[PDB]
Amino acid sequence: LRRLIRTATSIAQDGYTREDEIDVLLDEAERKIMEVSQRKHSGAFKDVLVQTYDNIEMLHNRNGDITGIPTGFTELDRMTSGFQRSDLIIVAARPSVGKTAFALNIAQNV
Amino acid sequence: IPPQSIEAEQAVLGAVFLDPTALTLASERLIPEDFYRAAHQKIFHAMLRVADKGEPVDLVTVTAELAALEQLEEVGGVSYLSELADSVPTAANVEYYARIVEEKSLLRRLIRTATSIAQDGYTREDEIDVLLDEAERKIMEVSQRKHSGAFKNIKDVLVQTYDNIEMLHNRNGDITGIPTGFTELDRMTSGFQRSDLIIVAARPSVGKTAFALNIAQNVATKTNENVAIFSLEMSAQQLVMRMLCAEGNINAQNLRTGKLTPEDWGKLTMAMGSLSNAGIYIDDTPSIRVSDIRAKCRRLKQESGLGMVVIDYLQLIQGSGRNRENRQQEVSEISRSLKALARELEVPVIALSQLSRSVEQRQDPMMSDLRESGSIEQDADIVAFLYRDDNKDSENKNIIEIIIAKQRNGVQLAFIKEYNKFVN
Amino acid sequence: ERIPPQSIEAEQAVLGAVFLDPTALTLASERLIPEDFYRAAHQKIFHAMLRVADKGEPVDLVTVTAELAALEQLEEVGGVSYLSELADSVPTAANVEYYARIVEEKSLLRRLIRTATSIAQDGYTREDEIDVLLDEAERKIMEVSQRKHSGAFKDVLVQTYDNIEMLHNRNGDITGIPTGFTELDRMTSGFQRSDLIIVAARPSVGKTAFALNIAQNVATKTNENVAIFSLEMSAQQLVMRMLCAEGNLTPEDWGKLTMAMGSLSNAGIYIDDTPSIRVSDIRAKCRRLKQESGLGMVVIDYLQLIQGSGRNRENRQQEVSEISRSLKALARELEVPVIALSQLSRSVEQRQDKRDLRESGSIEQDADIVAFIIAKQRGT
Amino acid sequence: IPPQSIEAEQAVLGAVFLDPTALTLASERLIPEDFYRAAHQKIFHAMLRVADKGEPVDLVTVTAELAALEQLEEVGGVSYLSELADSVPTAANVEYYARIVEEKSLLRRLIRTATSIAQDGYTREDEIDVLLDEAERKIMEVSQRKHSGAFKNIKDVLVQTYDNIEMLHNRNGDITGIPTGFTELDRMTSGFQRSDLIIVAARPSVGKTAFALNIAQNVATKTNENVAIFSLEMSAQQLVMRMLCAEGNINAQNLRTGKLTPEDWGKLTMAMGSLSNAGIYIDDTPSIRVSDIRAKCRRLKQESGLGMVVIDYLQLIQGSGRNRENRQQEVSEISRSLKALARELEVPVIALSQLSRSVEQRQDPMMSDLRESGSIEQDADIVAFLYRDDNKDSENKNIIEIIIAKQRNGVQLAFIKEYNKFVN
Amino acid sequence: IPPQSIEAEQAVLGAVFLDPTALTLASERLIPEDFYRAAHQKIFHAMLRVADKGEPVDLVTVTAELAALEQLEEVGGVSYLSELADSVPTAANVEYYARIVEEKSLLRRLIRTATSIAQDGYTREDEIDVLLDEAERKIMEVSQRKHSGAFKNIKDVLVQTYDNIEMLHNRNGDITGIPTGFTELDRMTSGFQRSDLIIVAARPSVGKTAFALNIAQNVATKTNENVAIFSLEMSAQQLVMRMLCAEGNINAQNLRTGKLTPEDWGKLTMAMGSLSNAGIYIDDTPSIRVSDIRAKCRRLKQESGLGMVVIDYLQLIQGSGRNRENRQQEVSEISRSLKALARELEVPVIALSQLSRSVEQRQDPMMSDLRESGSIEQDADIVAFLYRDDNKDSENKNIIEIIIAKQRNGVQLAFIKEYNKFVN
DNA sequence: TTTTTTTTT
DNA sequence: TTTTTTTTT
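Residue numbers (the deposited numbering), protein chains in the order written: chain B, 1115 to 1160, 1164 to 1227; chain A, 9 to 372, 375 to 400, 403 to 422, 427 to 440; chain B', 1007 to 1160, 1164 to 1257, 1268 to 1374, 1379 to 1395, 1415 to 1420, 1425 to 1426; chain A', 9 to 372, 375 to 400, 403 to 422, 427 to 440; chain A'', 9 to 372, 375 to 400, 403 to 422, 427 to 440. A prime marks a further copy of an entry chain.
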């Protein structure tokens, strides 16, 4: 609570003292409050074997149920059955293989 | 005192009475509650209100809206609206004014929202998880306010893209600017037009020095405009040796060597003839200031007749501004005066943004490359890049490609290593 | 309100100007830097001015009044009232270049008097750095004055025609300095006066051999007097080397040796062998010499050793340059040819072991004749 | 108060009354207007005036010149000239005094000329180009004042050069110093003479340690003078192992190994015999101070009989002076006491300036090399350098060359790797 | 005021009345004259005196000794001895107290002896060599006072060494702790006993992750205790993929690939079966604090049933303590709570101290290796190291060796690369 | 240093 | 800064 009020007050006295860093401040103002609160996991909704069973099914039948995002390339369409929602995807590579080619690709067929 | 800017604020309203287009832009960035002075609140409120009703934006109508509300004697009468119309520097920048208004408005919130957190920090000392949660929510809320969301939809890009390709093919015409003896570019350029800050960029191997010279050059032979060449790196006669080899088709090596024939003496004796009647004005000063480039360009126009200005790579120009590693800014200050200079002498200030360090080291072009060099891209009405790669079979040459990456309202040349020239 | 040089009124104009037409700024900015302005309010305002510039925002009564108030100096820069004042002040904006020009002048004069006064207060405060001070006292006044070209006397095609003749006939008219080697005698027709010569090479090819060479054939066969400054050896090793090459122990040596000595004895050469040297003494002595005996040449044995600047913060480029330039300068002052010797090593060894004109910053600084091998002249 | 130095100034005049040669030198550096005190002005003026007229420089004559002018009671009478004659430390340094006078005189001008610039800075505010120009001229004028111009004409060098070669060939004679069993050098040295700070320098490979030892050594066997050896790097017996191998012609390797024969035992048993009657005085102390080198050299002379002093490389001597990287100066302080020591014990302090770092790293000698080491060259009455290069055919040896680069009033040795010795 | 520590001092005496064993230790470090308060002097004097006479150490006896001397009413009577008995924190640390007493005692001397030097510095100003000598002697004398000399004689080491080897061979028995399905270790461990801070360490190649898992694993299958796994580096299911391959004998590659057969589907479908009834509790949180490891271990024991805790390499645990490069200490603070945790949940906190940087870089184990990691060795009741080296002939495996370097009251496994498991 | 970092081809 | 180095997955 003390350090909570301390940070909040930082922004305060700040807002006035930096009338020319609006983009900045806002971004670090978020930063500051965030840095006082984090510890463990959260989410939105109120055993791993299961998850590893649900996983195996997906590996077996090569099926699915209620969803859809066609990579436009069955290769990938097969190894995902759709680029799931809320997922962070990454494609790394060295220059000239078409990192951007690919990027446009997907979004293109999508 | 809360962030605020009457001076900016009142400048906004006034912008609207100076031209309705103002309001459109304004409404994009702010909302009545963003202005600090109450008066300005109602007056904006009023304004956008009437603009909605179809009623065009102007003094009278709002006076109306305002009166209608029982708000005139409140916001200081038309007398102030009069003032308002006076308070702006120039509508054309109405955006900025508004922005500035927006900011001072936003910071208010970063502060108010924060201050409220502290008060609650002390009060509800009976459920802190909750406290922290909303302290996160609230803050984020402050950031998502700047009326952002300027996504350039694909439909708008395509039309633009297809309109760019149609002009591409419709570009069959008669030059109306300084003719560039290079039909390909010429067909694109439509003539190096006057008042245009012309920038052409590339990598080492001096491939650029040759191309500018050859322009200014073919420009001095055919057009009757006078040309100026600022080769800081290259000297007076050093330069002329390069065009003499070019106009006469001499193997300059044969020449530097002095290994000249009797027919070569001719070509040699011949190239000169060409320029004798030419109009080429050089300056190889070590490194000059933009302040001087101006005095000499300007003075010539008034003396003989200015037409072109080819400065051999801008990077090497000395910036009067403040020193010790702010080149991003340094260039920003000078490259910006050049654009200001393409304007005064009503001529094309062709410049060659070239390089050594970063381009050569990238062994194994486009906009992001010169953008590193900073805001030259904005001032430039035309940006062009030179791209060439490096058979054992003779009939020795090398096809260079011209990739112009920009042009306000808008190629290929074979190169010659023996005479350092350029051919169509 | 106080009194040294200052044209407050002009300054007010320039500021005012920008306000009246943004363009004013960008023109002023071609001639003035915040520091230029006499006092604080202005100083910073022009700054704000200059500041909103860079951002990419259009400079005008708002962005300045905003930026200024943004960098909290507004109420004491004069506040909005004084601001608007300078503003309503200027009536137009196309003379500004004038007032600006004056402002600058004031700037010069002030900084002129400021530097002069530096030396002053200095003379008293450093009674034990006489050599030093003098050298940096020059430095200081020089640093306040330079901009564009000058000379002594009150089209390039021509110069390129005069050049071609020299390349053609291989002739000449009224002048003379025999390299003693037609090869060179042919590629110059004489080591022209006021020219800075350079001969770069790697260790053991005879950079010094050559040096003595020229000066040798120059003082022996010509009435010209050559002075040589050697920094890595004694007046003996040199002269020994000289009559050593002039003579080409047994009796044939005694006779050939005496012949050389008599011939070089009558020769007029002048040497100096001091540890490290300052370009300024070189000229110091050479000016007097040229007035006492008169002479037409000067050979330097590798300048990298001419630590003569003073502060010592520079690479192989700055102190080497200040010298190079000071050299040329020297040559022009004396109206004679200055030939120096320099060294390369790592580059050439790099290539020659495994199996150039860039590796010599001095020549890049300011010489109009470099030689390996020639590479600059105002072929092989 | 303007730079000035009465104390120095009056020291100058006095130098002249202490010896006319003084005036000559003086006139080289100053001019009457250089002195600060008016009195000294006239008195110098007077002096050089009479020296011109042929009249030798002295008290009486000037008193005359002075009186003649109506200037005596002015410059304080002879009484002061008396004083004057008293005011100097020692004429022999009259140069310095004068210099110091010159400087204080020159700075005056750097200040006066400058001050005048500032006054004009404010006055003529009506043509500044001109102002700047003369501000450049003026200043430069200040520098070109130190009566420089000491060009050693080629005629003077040659005569010197030929006189050096004649003494070279006339050097056939009888030693008058400590005989060095090395006929070549000996013919040059004419005998390591007493009161001489003797320095011999070179590169690594310890090629030096052997040569000094072998000297002190051949010096201890034949001459009857006593010798001292300061091998800081090398230990007591370590050193003796090196000369024992040398005087007996033993393959020390054969010895360190203990791989000695019955005839070898002899040579071995023999070398010792030689030195038994010899007079060698070592000291291998880790690193001593010049203060100690003195107490032990000096004490021996008074006890037994001092003659030579071979200190194994000076660099490794500890300097009592001030620390942390001023070796240029450090050596300057100690190397200078050694020269002071060649004087007290009336003996030759032979030292070996050697090296490791800079000499070895310069893989692929002369004065500039040790000059880096600093002012040893000035104190040394004799400096010598050892130079040796590095056929598969036997009769195994290597000819080393001795290049003596200096000597107040003034070779080749074959080397032996098997016994680490030296032969004529 | 002289260094002293009544608070410590009186804590010492009291330690003795709280248990005679105290005196023994005490006499090891101090001597009556070491205590500062006179009272404590006599009281200690008295004490050790009676302990000598055979008379056991206790309140009465000393009261006696003391009275006998005519010293009671002096040192404040038994009343204070009463107090004395009260003044200690806990005898078990009596050493420290004494030490602290010793120090404050020693510094006294560094100061007294020094101060006396200064007084003499001024007095005998008539023979300084002598002065310096004893100034050296004296000081050294101060250092040689700490009753040092704790040489572990070879006889004591050997007996220990032979007693260690006898228990080695007598270790044929019935487990009384958590059975580890690894007969070799098991024969050594005698069962991973509860309340034991268990540490196993090694180099990269993840060779460790497999071994802990396989333990916790074989522990979850057979024993009926519940197991916890803290693989910070490895994720929830990532871990389970590793044991599923292990319990079913599946070529996980075959599996990650999805290249599974119908019999493989079995093994696959089979491994799971095993764990279904198993009791494995993971947590792959990025990096947690010791404060959390506690809340979750502790909470489970109370909920279901805690038995083991395998945290996948401690180094990666976040230390709440003070930051920026004091890991030596950081680990010292957390590794120490783990030992405190092996105690609370009456279970074995097996940890794997592993590495990347220093171990891998040492290409070309024992205690000194983890000691660099600092004081884990002290807290650990058991430390074990894994050592494996890296024929082309099949029947493909690799024998790993287990080198347990420590155990309060106290192997070899073949490894399987195809399933990442371990076999007896 | 009583709301503030006044040079060096 | 009237015996003293209060943040930054």
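Accuracy of the hints is not assured; some may be wrong.
DSS-like mimics (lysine-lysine), calculated; alpha carbons at most 27 Å apart, straight line [unchecked claim]:
| id | chain 1 | residue 1 | chain 2 | residue 2 |
| --- | --- | --- | --- | --- |
| 1 | B' | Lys1275 | A' | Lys146 |
| 2 | A' | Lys160 | B' | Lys1230 |
| 3 | B' | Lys1154 | A | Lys309 |
| 4 | A | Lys304 | B' | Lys1160 |
| 5 | A | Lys267 | B | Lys1154 |
| 6 | A' | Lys160 | B' | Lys1309 |
| 7 | A | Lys267 | A | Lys433 |
| 8 | A | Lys418 | B | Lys1216 |
| 9 | A | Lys309 | B' | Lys1160 |
| 10 | A' | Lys154 | B' | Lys1347 |
| 11 | B | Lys1216 | A | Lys160 |
| 12 | A' | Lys146 | B' | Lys1112 |
| 13 | A | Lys418 | B' | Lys1160 |
| 14 | B' | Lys1309 | A' | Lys154 |
| 15 | A' | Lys146 | B' | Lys1160 |
| 16 | A'' | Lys267 | A'' | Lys409 |
| 17 | B | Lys1160 | A'' | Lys304 |
| 18 | A | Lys304 | B' | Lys1154 |
| 19 | A' | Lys146 | B' | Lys1230 |
| 20 | B | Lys1216 | A | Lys163 |
| 21 | B | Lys1146 | A | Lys309 |
| 22 | B' | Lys1309 | A' | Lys146 |
| 23 | A' | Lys146 | B' | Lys1216 |
| 24 | B' | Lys1347 | A' | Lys146 |
| 25 | B' | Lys1275 | A' | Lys154 |
| 26 | A | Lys160 | B' | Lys1061 |
| 27 | A' | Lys146 | B' | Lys1154 |
| 28 | A' | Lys160 | B' | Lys1347 |
| 29 | B | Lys1146 | A | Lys154 |
| 30 | A | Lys154 | B' | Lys1061 |
| 31 | B' | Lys1304 | A' | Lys230 |
| 32 | A' | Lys154 | B' | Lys1146 |
| 33 | B' | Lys1146 | A' | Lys146 |
| 34 | A' | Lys160 | B' | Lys1304 |
| 35 | B | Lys1154 | A'' | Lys347 |
| 36 | B' | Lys1309 | A' | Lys163 |
| 37 | A | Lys433 | B' | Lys1418 |
Hints in this document: simulated from the structure, not taken from any laboratory.
Verification of the hints:
no., hint, result
1, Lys1275/B' - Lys146/A', "violated (52 Å)"
2, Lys160/A' - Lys1230/B', "holds (21 Å)"
3, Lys1154/B' - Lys309/A, "holds (21 Å)"
4, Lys304/A - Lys1160/B', "holds (19 Å)"
5, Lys267/A - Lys1154/B, "violated (83 Å)"
6, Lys160/A' - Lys1309/B', "holds (14 Å)"
7, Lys267/A - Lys433/A, "holds (18 Å)"
8, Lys418/A - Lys1216/B, "holds (25 Å)"
9, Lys309/A - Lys1160/B', "holds (23 Å)"
10, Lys154/A' - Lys1347/B', "holds (23 Å)"
11, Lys1216/B - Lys160/A, "holds (22 Å)"
12, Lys146/A' - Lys1112/B', "holds (22 Å)"
13, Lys418/A - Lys1160/B', "violated (46 Å)"
14, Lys1309/B' - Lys154/A', "holds (17 Å)"
15, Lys146/A' - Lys1160/B', "holds (24 Å)"
16, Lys267/A'' - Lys409/A'', "holds (22 Å)"
17, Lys1160/B - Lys304/A'', "holds (19 Å)"
18, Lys304/A - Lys1154/B', "holds (12 Å)"
19, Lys146/A' - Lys1230/B', "violated (39 Å)"
20, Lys1216/B - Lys163/A, "holds (24 Å)"
21, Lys1146/B - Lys309/A, "violated (59 Å)"
22, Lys1309/B' - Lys146/A', "holds (21 Å)"
23, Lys146/A' - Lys1216/B', "violated (38 Å)"
24, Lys1347/B' - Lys146/A', "holds (21 Å)"
25, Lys1275/B' - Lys154/A', "violated (42 Å)"
26, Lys160/A - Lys1061/B', "holds (24 Å)"
27, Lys146/A' - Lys1154/B', "holds (21 Å)"
28, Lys160/A' - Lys1347/B', "holds (24 Å)"
29, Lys1146/B - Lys154/A, "holds (20 Å)"
30, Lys154/A - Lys1061/B', "holds (19 Å)"
31, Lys1304/B' - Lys230/A', "violated (53 Å)"
32, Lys154/A' - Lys1146/B', "holds (20 Å)"
33, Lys1146/B' - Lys146/A', "holds (13 Å)"
34, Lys160/A' - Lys1304/B', "holds (11 Å)"
35, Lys1154/B - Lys347/A'', "holds (24 Å)"
36, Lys1309/B' - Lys163/A', "holds (18 Å)"
37, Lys433/A - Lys1418/B', "holds (21 Å)"
Of the numbered hints stated above, those contradicted by the structure are hints 1, 5, 13, 19, 21, 23, 25 and 31, listed in ascending order.
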